[PDB]
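A single chain, nothing else alongside it, follows as structure tokens in the form deposited in one PDB entry.
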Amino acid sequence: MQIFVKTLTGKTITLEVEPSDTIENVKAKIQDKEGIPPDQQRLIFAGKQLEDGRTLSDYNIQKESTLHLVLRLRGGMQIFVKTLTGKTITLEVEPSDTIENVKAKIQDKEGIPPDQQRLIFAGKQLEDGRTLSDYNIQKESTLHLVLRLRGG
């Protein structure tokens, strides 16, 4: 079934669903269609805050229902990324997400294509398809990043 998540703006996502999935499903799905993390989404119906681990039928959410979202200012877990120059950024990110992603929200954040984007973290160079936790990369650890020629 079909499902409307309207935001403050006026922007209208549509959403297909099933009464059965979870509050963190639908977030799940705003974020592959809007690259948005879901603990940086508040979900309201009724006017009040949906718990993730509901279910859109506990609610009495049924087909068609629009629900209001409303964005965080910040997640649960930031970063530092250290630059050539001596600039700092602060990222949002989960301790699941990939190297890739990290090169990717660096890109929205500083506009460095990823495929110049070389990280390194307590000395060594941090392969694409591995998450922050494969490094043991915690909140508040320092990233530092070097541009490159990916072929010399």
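Residue numbers count along the first chain shown, from 1. Compared with the form deposited in another entry:
Rigid-part assignment between the two forms: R148 and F80 end up in one part.
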Contents of the next structure:
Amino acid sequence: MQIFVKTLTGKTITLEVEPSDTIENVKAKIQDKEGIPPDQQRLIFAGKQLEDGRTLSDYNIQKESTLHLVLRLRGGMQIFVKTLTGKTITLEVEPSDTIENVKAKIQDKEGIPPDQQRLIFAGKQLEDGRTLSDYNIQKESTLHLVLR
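What about the form deposited in another entry, after the form deposited in one PDB entry?
Left out here are the partners and the other molecules; the chain alone remains.
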């Protein structure tokens, strides 16, 4: 049978599935179809968040049923970029953010262009193509900003 999985972003995603399949199973299909990891996926039917260990059957989901998909919104921290005078500015970032776009966030917050930004961590100057994760920045941390 077919069911429909509607994203909050407006895309409707159609899925071949059987009445006794698990919520885990459905998630895996969605991953294969759209590349969203299952641990990020929250499936909802009739206002009810659907639990991993139960079946479609268990929530009375049938032929032509539409499900809602929303993504988990994980967070926890903010890095700090300090100047030498002691002034601090905070940024929201992921480990996978490039140094380029950390600078781009600094251009967006304060006025400064990335060409004029020297970012330092653990005494090392940070190179634009690398990520924060390359430099083992995996939670709230302190970078130094020096001006060029």
